[PDB]
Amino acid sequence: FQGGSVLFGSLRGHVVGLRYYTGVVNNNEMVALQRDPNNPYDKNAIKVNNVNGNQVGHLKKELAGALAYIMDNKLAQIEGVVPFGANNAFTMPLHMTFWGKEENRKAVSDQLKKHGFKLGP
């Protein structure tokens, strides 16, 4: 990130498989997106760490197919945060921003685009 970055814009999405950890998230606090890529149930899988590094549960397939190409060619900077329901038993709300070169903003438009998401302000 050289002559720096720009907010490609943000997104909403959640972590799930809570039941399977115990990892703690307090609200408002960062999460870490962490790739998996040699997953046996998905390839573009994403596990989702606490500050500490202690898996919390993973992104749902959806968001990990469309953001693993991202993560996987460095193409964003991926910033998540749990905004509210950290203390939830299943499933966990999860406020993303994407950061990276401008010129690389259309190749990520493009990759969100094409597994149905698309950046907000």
Second form
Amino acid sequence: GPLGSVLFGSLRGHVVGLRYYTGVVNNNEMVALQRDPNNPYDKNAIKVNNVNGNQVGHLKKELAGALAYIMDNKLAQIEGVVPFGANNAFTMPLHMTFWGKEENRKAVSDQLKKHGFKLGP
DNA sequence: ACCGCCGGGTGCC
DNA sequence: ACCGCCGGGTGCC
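Switch from the form deposited without the DNA to the form deposited with the DNA bound and give that structure.
The next block holds the full complex; its first chain is the one shown before.
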């Protein structure tokens, strides 16, 4: 994880919107999360891009509705890997790891819990 | 029936 | 989408 950061934990979620983008992913490959704040459908949007810099999709809206605050306030840095399903039609799984400063670790977990998510090992 | 259930239309954010 | 969700059509046994 990033130099000087604590592992907060992990979450399994999904990339969606795959039919609308040309970015490809390989199984077991890293992806990049990027805030998408001017998306005209959802101000909390977070896009998922592949390592080369091509959009793959979006985080599911409910997860983005929890994570936008975390990204905007820089409470965690989030890493993503697609474990399998890279050629799925509609949705693919995403393993996310959350990293940051100890002083923000409970704030991140509390934000997630407010939206029905929880970190695990 | 102000219900539960069924199934057609539908589909990111 | 082989799903979840939405809402129109529907209705005892």
